[PDB]
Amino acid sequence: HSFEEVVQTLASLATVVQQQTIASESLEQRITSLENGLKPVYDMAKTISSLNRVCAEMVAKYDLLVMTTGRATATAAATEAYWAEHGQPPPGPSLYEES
């Protein structure tokens, strides 16, 4: 009966040592995940504020803007639309303004 008890104790010790190894691997994986997960948080926190600042500045600057018309928008848009489908340039003669 002694041999059976010795074998059972050895098997239990081996299984619990494997449990130690599994626990150590889990500890290492959790530590690595914690260390590497939250590295760029400071950089993103700094970047978001600057992006918001520049975006607000430009959306405020957009109000103070004056646009002057020109004699080429209609012809350019017509050329673009004629090129979009059946992509051949519009037939002759030439349109109002070509550039």
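Positions refer to the first chain, counted from 1. Residues that one form lacks are left out of the comparison. Each form is matched to the other, and the largest set of C-alpha atoms that superpose within 1.5 Å is called the rigid core. What changes on going to the form deposited in another entry:
- Core-aligned CA deviation for residue 53 between these two forms: 2 Å or greater.
- In this overlay on the rigid core, residue 31 has a C-alpha that sits less than 2 Å away from its partner position between these two forms.
- For residues common to both forms, superposing the rigid core between these two forms reveals a single consecutive run of 3 or more with all Cα shifts of 2 angstroms or more, at 34-69.
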The other form holds:
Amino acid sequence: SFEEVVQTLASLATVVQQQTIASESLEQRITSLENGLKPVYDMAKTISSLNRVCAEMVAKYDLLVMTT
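Moving from the form deposited in one PDB entry, what structure would you give for the form deposited in another entry?
Nothing else is written out below except the one chain.
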């Protein structure tokens, strides 16, 4: 009776501790996505600069060559 209750309570406490440890590990692994996703933002940003540079090159092309 009382021994069974104590054993069940101890098992429940151990299971809760293990679940909290697993949740902490999950949170720690999840919080590593910022480092992996920052280059995505960097390459998204650099495309606009590359397009602007190419547009400037095209515009400066018509300055030199005579064309029609």
